[PDB]
Amino acid sequence: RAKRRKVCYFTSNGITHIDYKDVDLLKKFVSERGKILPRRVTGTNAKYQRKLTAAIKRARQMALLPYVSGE
Amino acid sequence: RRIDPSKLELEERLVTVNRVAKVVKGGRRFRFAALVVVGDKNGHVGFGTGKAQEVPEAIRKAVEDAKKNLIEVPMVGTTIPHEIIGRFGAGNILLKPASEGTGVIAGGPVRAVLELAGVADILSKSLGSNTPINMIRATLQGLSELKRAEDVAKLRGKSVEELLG
Amino acid sequence: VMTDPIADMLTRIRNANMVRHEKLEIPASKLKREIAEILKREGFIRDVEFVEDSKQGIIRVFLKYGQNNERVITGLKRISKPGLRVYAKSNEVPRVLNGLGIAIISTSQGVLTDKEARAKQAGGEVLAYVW
RNA sequence: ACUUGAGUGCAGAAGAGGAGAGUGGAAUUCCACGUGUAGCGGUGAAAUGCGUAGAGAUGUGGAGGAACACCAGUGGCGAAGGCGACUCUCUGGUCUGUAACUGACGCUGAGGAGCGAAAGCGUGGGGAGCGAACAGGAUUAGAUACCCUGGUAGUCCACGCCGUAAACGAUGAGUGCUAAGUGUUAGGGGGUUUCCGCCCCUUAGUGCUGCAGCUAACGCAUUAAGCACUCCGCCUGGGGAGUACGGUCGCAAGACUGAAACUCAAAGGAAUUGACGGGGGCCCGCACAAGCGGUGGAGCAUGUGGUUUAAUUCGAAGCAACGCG
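Protein chains in written order, with the entry's author numbering: chain R, 9 to 79; chain E, 2 to 166; chain H, 2 to 132.
None of the hints are false.
DEER-style ranges, computed between Cβ atoms:
1) H:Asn69 <-> E:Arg20: 39 to 47 Å
2) R:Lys36 <-> H:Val20: 52 to 60 Å
3) E:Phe89 <-> H:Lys24: 28 to 36 Å
4) E:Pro6 <-> H:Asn69: 18 to 26 Å
5) H:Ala123 <-> E:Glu65: 57 to 65 Å
6) H:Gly111 <-> E:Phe89: 36 to 44 Å
7) E:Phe89 <-> R:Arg48: 48 to 56 Å
8) E:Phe89 <-> H:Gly84: 24 to 32 Å
9) E:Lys23 <-> H:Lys116: 57 to 65 Å
10) E:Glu73 <-> H:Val20: 21 to 29 Å
11) E:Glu146 <-> H:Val20: 15 to 23 Å
12) R:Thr61 <-> H:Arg34: 57 to 65 Å
Derived BS3-like pairs (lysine-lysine); straight-line CA-CA distance at most 25 Å:
13) H:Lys65 <-> H:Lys41
14) H:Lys78 <-> E:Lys97
15) H:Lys78 <-> E:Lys126
16) H:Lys41 <-> E:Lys155
17) R:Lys59 <-> R:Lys43
18) H:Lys116 <-> E:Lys97
19) R:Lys55 <-> R:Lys35
20) H:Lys78 <-> H:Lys121
21) H:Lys116 <-> E:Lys159
22) E:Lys159 <-> H:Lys41
Here's a subset of chain H near chain E, in silico, CB distances under 7 Å, partners left out:
23) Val73
24) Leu98
25) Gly100
These are calculated hints, taken from the structure and not from any lab test. In this text, a Cβ means the ideal position worked out from N, Cα and C, and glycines have one as well.
Generate the whole structure from the sequences, applying the supplied hints.
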């Protein structure tokens with residue numbers, strides 16, 4: 009009490025990125041098997057999960073992060 | 002408030018003693034139910050009753066219901082102060098203020114209630130429900146909401162007998 | 002919005018009339034003003050003190066009803082509907098309540114009361130009715 | 001005349017609001033070739049079907065259509081139906097904030113105009129999955145169904161018509177007021193805070209919990225079904241019957257509008273008590289399971305049914321009538 013663990017994950021040191029030139033926070037965002045991270049277990053905000061999800065897609069379109077992973 | 006004690010001569014008219022049966026394993030356990038209203042003949046006229054096994058039992062629980070509650074009904078000499086359409090419970094009552102020799106023209110539960118509760122000329126014709134309990138309910142709320150002129154001058158501070166006619 | 006002002010004031014004194022609030026607001030207008038002097042002079046509320054300022058408004062009356070539930074504002078009704086107007090002649094100026102309440106017919110010489118308007122003996126638009 | 005209403009401005013914020021073009025993967029099918037054998041498949045159990053013409057599986061590559069998993073949530077947006085991969089063009093709208101201007105320029109609104117899921121309808125494209133009608137096999141007494149294996153139209157696209165839905169919150173729109181708490185996005189002001197973060201005030205939108213009040217009860221409750229005002233639409237017992245007849249539109253399919261004669265005293269909403277359940281939960285008993293010994297097979301004893309009689313006396317007929325009175 010009274011907050012979430014991993015408090016907001018982007019609002020402390022953001023904002024407004026990335027997307028294409030970023031592969032670092034994109035490296036810490038797209039999950040281990042290959043999927044996008046859950047917004048309850050990762051801990052982003054509303055607009056934080058929206059921007060990191062849109063930049064996760066738009067950074068997955070130019071072949072930056074993998075469109076599928078291993079098992 | 003205040004709860005008037007049983008300290009007068011009660012009239013004890015019976016409104017209606019309805020049948021009732023709880024449909025249980027074996028037919029229907031029939032028990033009488035009567036909502037008969039007792040009246041003081043001056044203004045204490047209260048109307049509630051219960052159930053029991055015999056017809057005299059329903060008389061007994063009904064009389065206990067009359068010793069439960071009583072109402073005031075302030076009305077200056079064969080009238081009420083303001084003839085208000087008083088009904089609560091989906092059953093209306095339209096009781097106006099009538100003249101001296103215009104009689105107590107009311108219905109079943111109205112003629113029982115006002116007929117055993119000191120009425121001289123109060124015209125009443127209902128508009129709404131027709132259950133007995135609904136009639137004594139909306140009639141009891143209407144009789145328990147009509148205002149008296151002296152106290153109506155004594156609580157709204159304009160003047161006593163300043164509103165005459 | 003703004004369907005009728007007097008119905009907004011009457012709904013104000015009604016809804017606050019059951020809320021048990023100490024003071025009550027209003028939209029300040031000539032009907033709230035003259036109706037505030039009439040309905041305050043007849044002894045329902047404590048005092049209307051029309052605290053005016055830019056741009057418009059704004060009246061502020063206090064409920065003059067004591068411990069006893071339902072004081073001098075015991076129930077109000079729109080006797081005149083702005084949209085289908087009431088009317089009342091001299092002999093047909095009806096005194097609402099019978100002996101308790103009082104009606105306020107907007108006479109041709111000022112917003113009168115019931116008995117005072119019958120004292121002038123001239124009716125007009127039935128402005129409101131406070132049962 | 002004036003400014004809060006309503007509008008313009010200025011600055012912010014946000015979104016699967018729309019239309020057009022282009023692009024990207026995961027997966028299924030199909031095809032080509034390698035590898036390999038005797039099963040694959042499906043079910044309650046099977047069968048139809050596929051497989052030694054080499055299937056399934058597995059490896060590689062190619063083609064094509066449709067939908068975009070993770071983020072994703074009683075989240076967002078829209079008038080509603082609805083809207084989801086990603087990018088761009090063109091475009092509408094909402095809310096916040098001071099507050100420059102305008103000065104009531106507003107609310108509703110029968111007709112009229114326009115949009116409206118899915119099924120359909122016309123033409124021309126597209127047909128990978130799914131899949132009415134259809135074929136076969138199964139289950140049943142029967143299976144024009146449930147199940148399985150297949151399979152046409154359709155779903156997809158563009159152009160036009162269709163204009164119905166439980167089109168639902170079964171709640172028309174606008175405005176004002178009226179206890180509180182707790183979430184949740186989109187903002188703003190602030191208290192100290194470089195941070196961050198906590199907390200208050202504030203909007204706007206949306207969810208829960210509940211005061212007053214409403215109510216037939218369930219319930220609603222600042223997103224009211226409260227309290228009042230404006231305006232539109234709808235309702236007058238059920239069946240007959242949204243049927244007939246007449247009109248309007250439709251390519252049709254039909255849509256809108258829409259009666260009547262006869263007949264009945266009930267339909268109906270909520271709530272209660274019991275019953276039921278091949279609904280769930282808990283439990284018990286020769287109930288089942290576990291063992292013993294039987295009956296139904298044989299001759300005989302008694303009773304009943306039946307048939308006969310002059311009469312085969314009357315009473316009992318699921319356990320609870322039948323070695324009963």
